[PDB]
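In structure tokens, one chain follows: the form deposited in one PDB entry.
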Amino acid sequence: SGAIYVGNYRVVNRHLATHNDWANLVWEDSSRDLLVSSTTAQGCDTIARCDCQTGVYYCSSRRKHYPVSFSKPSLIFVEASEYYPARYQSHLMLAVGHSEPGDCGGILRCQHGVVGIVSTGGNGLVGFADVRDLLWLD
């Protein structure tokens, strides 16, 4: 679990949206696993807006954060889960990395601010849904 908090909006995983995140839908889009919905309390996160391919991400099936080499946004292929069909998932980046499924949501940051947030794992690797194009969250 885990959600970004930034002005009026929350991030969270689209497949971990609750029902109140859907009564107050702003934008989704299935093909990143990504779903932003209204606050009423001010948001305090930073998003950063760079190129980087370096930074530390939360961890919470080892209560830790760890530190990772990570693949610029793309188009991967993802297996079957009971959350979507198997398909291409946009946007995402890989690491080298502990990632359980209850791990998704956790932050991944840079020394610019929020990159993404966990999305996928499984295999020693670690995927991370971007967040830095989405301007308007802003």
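Residue numbers count along the first chain shown, from 1. Throughout, rigid core stands for the largest set of C-alpha atoms superposing within 1.5 Å between the two forms. First, how it differs from the form deposited in another entry.
Only one entry in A41, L75, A80, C44 has its C-alpha moved by 2 angstroms or more between these two forms when the rigid core is superposed, and that entry is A80.
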Given for the second form:
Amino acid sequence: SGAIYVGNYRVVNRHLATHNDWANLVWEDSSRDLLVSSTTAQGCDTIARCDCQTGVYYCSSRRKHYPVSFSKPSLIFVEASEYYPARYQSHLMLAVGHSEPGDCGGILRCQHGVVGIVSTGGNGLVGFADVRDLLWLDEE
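How about the form deposited in another entry, since we already have the form deposited in one PDB entry?
For this one, just the chain is written down, with no partner chains and no other molecules.
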């Protein structure tokens, strides 16, 4: 589990979105595994605006933050998980590291702020759904 709280937005994995998220929907995209809902309170998470390929992510299944290299956001084939069939996922970054389904929502951060959230796992890789292209998270 986990979310990003930026301005009056809440960013979660689409597969973990609640009823309240859907009842306050701003934007969602199944191919990216992202959903954004509106918040009453202002969040303070800074979104990275950059092309960094190094950062640190939180792994809830290890109670640890790990430094990783990661690929630029791409369209990748993802093998079946507990929560999605085998399919293509877009705007996805991969690193070598540990990820189990419960790890989804863990923050990946660089020197510029929040890069994205854990979205995929298995075969010794961790996949992160990028948010750095969502420039509207910063406004309205």
